[PDB]
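Position chains B, C, D and Z with the ligands against the provided structure of chain A, taking the given hints into account.
The primary structure of each chain is shown beneath.
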Amino acid sequence: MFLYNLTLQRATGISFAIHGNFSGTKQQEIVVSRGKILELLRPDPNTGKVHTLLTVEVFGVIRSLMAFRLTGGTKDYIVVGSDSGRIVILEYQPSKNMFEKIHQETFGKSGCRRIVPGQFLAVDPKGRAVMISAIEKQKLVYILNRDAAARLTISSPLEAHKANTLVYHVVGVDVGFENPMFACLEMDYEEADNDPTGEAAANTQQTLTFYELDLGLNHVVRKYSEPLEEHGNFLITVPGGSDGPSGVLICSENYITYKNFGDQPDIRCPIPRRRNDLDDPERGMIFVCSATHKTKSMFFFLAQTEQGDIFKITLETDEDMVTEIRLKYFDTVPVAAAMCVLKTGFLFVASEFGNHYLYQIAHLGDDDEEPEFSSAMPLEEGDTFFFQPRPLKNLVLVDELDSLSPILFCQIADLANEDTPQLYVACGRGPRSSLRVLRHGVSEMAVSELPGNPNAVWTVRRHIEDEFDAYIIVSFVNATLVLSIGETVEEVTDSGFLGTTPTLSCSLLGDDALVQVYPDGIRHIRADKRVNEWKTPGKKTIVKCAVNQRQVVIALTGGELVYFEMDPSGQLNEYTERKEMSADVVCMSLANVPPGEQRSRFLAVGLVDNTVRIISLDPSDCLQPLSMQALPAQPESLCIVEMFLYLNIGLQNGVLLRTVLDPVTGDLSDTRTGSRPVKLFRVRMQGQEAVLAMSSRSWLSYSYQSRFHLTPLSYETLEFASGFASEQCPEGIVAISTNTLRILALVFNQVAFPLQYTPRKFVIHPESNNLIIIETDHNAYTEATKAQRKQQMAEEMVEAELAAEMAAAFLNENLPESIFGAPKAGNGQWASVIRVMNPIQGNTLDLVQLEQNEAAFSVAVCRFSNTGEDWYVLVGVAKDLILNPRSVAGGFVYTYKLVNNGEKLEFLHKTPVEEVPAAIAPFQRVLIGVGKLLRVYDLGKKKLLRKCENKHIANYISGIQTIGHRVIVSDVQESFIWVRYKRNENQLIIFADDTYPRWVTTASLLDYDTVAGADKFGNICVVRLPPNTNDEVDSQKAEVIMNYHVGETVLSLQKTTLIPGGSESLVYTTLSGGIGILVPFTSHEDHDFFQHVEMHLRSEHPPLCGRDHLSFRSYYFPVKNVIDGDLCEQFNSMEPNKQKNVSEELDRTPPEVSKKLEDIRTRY
Amino acid sequence: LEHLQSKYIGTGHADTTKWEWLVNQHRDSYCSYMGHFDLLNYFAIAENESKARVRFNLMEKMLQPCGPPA
Amino acid sequence: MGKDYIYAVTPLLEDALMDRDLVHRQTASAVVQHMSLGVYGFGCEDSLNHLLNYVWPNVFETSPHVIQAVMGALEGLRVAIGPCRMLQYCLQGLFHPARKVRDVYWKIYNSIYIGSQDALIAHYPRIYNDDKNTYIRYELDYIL
Amino acid sequence: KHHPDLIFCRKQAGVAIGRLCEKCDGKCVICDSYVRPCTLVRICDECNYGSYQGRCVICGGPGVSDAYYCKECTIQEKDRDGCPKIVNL
Amino acid sequence: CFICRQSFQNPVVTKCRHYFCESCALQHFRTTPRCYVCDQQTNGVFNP
Ligand SMILES: [Zn+2]
Ligand SMILES: [Zn+2]
Ligand SMILES: [Zn+2]
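So the protein lines, in turn, are chains A, B, C, D and Z.
All letters in the first sequence, in the order written, are residues 1 to 441, 444 to 645, 662 to 691, 695 to 767, 773 to 826, 833 to 956, 958 to 1197 by the entry's author numbering.
All letters in the second sequence, in the order written, are residues 10 to 16, 18 to 80 by the entry's author numbering.
All letters in the third sequence, in the order written, are residues 1161 to 1304 by the entry's author numbering.
All letters in the fourth sequence, in the order written, are residues 3 to 91 by the entry's author numbering.
All letters in the fifth sequence, in the order written, are residues 262 to 309 by the entry's author numbering.
Zero decoy hints are in this set.
Covered stretches of chain C (in silico footprint by chain A; criterion: 3 or more residues with CB under 8 angstroms from a CB of chain A, positions within the stretch not fixed):
{"id": "1", "segment": "1234–1242"}
{"id": "2", "segment": "1290–1304"}
Here are the simulated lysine-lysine pairs, DSSO-like style, with alpha carbons at most 30 angstroms apart:
{"id": "3", "chain 1": "C", "residue 1": "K1292", "chain 2": "B", "residue 2": "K16"}
{"id": "4", "chain 1": "D", "residue 1": "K13", "chain 2": "A", "residue 2": "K162"}
{"id": "5", "chain 1": "A", "residue 1": "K126", "chain 2": "D", "residue 2": "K13"}
Since the hints were made in silico from the structure, they are not lab data.
No residue lacks a Cβ here, since even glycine has one placed at the ideal position from N, Cα and C.
With the rest of the complex left out, here is chain A:
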């Protein structure tokens, strides 16, 4: 079907990151590639919080990311190596807040091929050349030169391809002002393939090959080739020149060796291990994340250990040879895949799981409590200085950017009481795991409500010099409340205006005296308990209140306007000239006069006789109506504001007429928005003035660039609308309802409750209505296993003194997962925990423990097939399971009674099997698939009653979906195989097969014959069976109805509506942290318009990676009836000339295309 897939939750897991002066100024810019979109951030180090400056989606897979600066350039250009064959060097433009491609040179074919260059990217340290090398047998280096206009003039690269020469890592060395050179970790592969005995594979080793780029000779030659004994898993470059020696450092398992260009001391420094670590010593510690930070004079490096602690090493170069490297553990940080040590007190570490950490490095790096191991310090080649886990002392963590990557399982439902449904995703790795519930409100992250039932909410500030509203008066007919703008809105009596009477408005018009319109009249009230009140015009109370800087017009019934001007003493003086309008003015506002004028230029009051009168507030033109605005119906409100100035009169019906507020009468244009009266007032939103008309829908006519446009907003149900400003956001839209205030950011708040181990699957019980989640951190030590290992270490090191106390301290208080990482090891061991989280709160109301070698995979909590209506849950756990390679013992299915109405995980019994029964679903009995054998076994309390099992599958059944008399199972080879579930006939016959090979890891049946699959290469394929297919037959294929590539490995998919109302689409959650909804387009004309807009945007706006959008969306298999919403979102973000060209090509308007995209987004 025609599906316009749009991603709602963006993936935030940064696979790689670089940093430097990429912003073109003194502010530090760090660009992190979070998948298909790269985000560049220039956050303030004084605040300490990390804020993304910009983000651009390139629609491709980046294999290597790097940045480089030219000679004397203040901007660091970013060279991106993507899956496409065009290497793109771009320069960020801060005026447009986006990256502009300086050059894009094609090298080879697209995709991540073996001989295609782009797997490794490096640049010269002098800004001379950039080298791109493949994973094997291909390398090139193009000389980068400055042009006459300081432009990056690229050159033709020189060929550096050698037969059977794999590359592990490469870096351009600092050669100073001489010809540049680059070192690579080459590894021969010809002798390993030629020799069949495998002796040459053991004889092979990594070699450091430094090739010098002879720029004068216009050739590339290998300068030095030094064979290394240790295999290079990483490589770093020491800062040459004035910051130290010019050389490289290769890291391995507890061995870091530094070598310079020529004869240097090979200081094979061992890694500083933790003080009595609970992890096993078989797993070697290597510098996984390396960050070399060069100061003005000296330089240093930061490395990641096996436990994840950031260790700072000084550069004791001493101008001769690599003598010492003081490897001391500077801080304890989380499990970070990459860490960057910026200047000006910034240190960004991108966590592979959980929240990335942006710390403020206030100290010089010597503020560490851990011990220091030096390369010049001798040892017995068995241990180093035991660096104990110190706290965040040298660098204090100032920002914790929460990332959902990696994602395990998710479920979205409206079980909680909120404006939007809650999507709870159980995710994480090891002990760093949580269930994050996300819900929206618009962005109602913080909920603030005015006290009582106020008639109005007006900010009566203490003074005009104070930026924040000191007393937001929520005023009713009976009383009033004072709530400050600090996201702590509650009732107080610190206003000082004494608002016991019914106050219509109270706004800080004066410098320190707020003008308040009330039934007493117009009162100038200061911050203290003083209020000078002048009477309204006539005996009637003031109903319309035009508020400005110096002159405030109070219009009572009959249209009689009294002008209160700002006196030189700070009080308000009533004008001696007054006149009546055509009818009684309902509401009013005054335009923003300039600072040269001593009064308002035009104050407009809207009467009930379908007219609005705008009069000058000066004393020379007092009581003289200048501008007449002809309202369509009888006006319920009026508002005069900027954009010169315009006055709009809104009626009780859906018609508001806006005219030009001036000394002459302007033309009135009538526009429509909710069967409610108008309460329009001046507010600020998105840098533009607006008048928010009170209706059922959030309608606010915003006058941006002298264009008044009114559109609905995606807020909750309300009867009035206004602006809002507090500590949560600088400018937002407040939709006021019956004792409620929806907040619109003119995102969804997610809260993560932690779990025990890494989650595998979440199951909601039918009786309990609570999530019985299973956490299984495999290939790691269990909590009981870590306790037994700590007790064994305490028993081993008890015999010595201080070693017994150190062993007892390490057993009692080991390295925590929140700070220094939980020390876990092993392969067959697995941390397993079954936790019951209630629908009210995500805390564990129950806890069930398994064996130390078992990982729970099957999560299904429902009623028992063998028993009655008792919710007996069968949970499958595979014991002694090793991922790489295949090494498992067997899978045990445990039946649990689920006591306390499912709130207690009371395990009844268990039954083992040789295969892995990770699939267990209800099927008339219950379908349990162990290995390739799926059996309709009744859910017994002690053991299951298997009746008939068929082992005709290819490898296994990772997921089975059923709707009645049929079960579709996803195998390793076939994406979906449908077998007729004849439980009454007790016969298993495969009704439908497939021809497209896909390792489907998800299932979401849109119909009985429709099966969805999420392949291992990140391809979403929805395949329907052929019509008129016999259910009791075989050898029949299912045609792929739709196929697309989402850019990430899709984990789960469910055919359910992820938003309240709208479109019942299908929501799929990926393993990289992305969630997308595939909305089926039921309109052929809208699908044709979207296809024409996509065909216009594919040529008008090329991708940043250089790959085609159709090539990126159809990388594995060809696309079929799939529309990507990323290009439709990026079409609205284009330039105005490009939007005009796209609208001329689409034969429509750019605002109409934006409205159609907004309607497609709001369809959900």
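Leaving out everything else, chains B, C, D and Z with the ligands in the frame of chain A:
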């Protein structure tokens, strides 16, 4: 034909061995798993290993694909 | 814009490919090549596979013009339909006992591998480990 | 409209720009078509440098217009195959 | 107001491509949901 077409990665001939084709397929699978961020995250975060540790394991497994030739 | 007329010209090309003369087969192969390159990315792969079911028997021709048309049609079909169906067509004949048949199949597979080196890893067949070396990768079996 | 001979360079492309004479103007450099000239032609090396400056990337006349790839050859991205200048071997 | 043959003030066009006065378009949108020109689905929109 072309010399670089026969010299390309994944190329073969009429007398190409099955072990050589399987080793080339395994080396291409290892290179595709190393190049792709999502495939490396799916094959890395499933176990309790780091991303660079998984990259080093894949670099060792690339040489291990030429481990037992015939 | 040809996707409205692919279903119209499908039986004409099917009748043209079954002709005795090599000129009809060569020019119909050019038709399949240009039609495959024209409406790529539009879900018309069923008729393209149906035309490939007549094109792929004609790969044994010896004249250079018709075999150049066959190679161009195979390249266009590998672009349009995808490399998975071309790999399915070539996997049962790459290890053919005949020298010339396996040579032609290896030429087609080498062209497909030059065009689709990256995408052939996910479309590689599921073969288990044998006595020479391990073949089933355990990284694909890992689930997070 | 092709010949079985005349392999071109099979060299890595560079910053030099292709150039077409009027006798074979408008043709695709690979498949010899006339539809949708999309991608510019890069001619790698000393095909441009020296006495062959601004010459034809086809037969050898004095070039007047920029050579282009068609959209059909760039559908499979054959434009990254290398230099398309004919060397008579 | 092309039916009553009267004067038009502040002219505007509705969703049914009919141009009339703003008060006349407001009265036509309040009285009926559809326009009186060709019974189009203007949905009572009183917009410029
Ligand atoms: Zn020519
Ligand atoms: Zn062409
Ligand atoms: Zn050339």
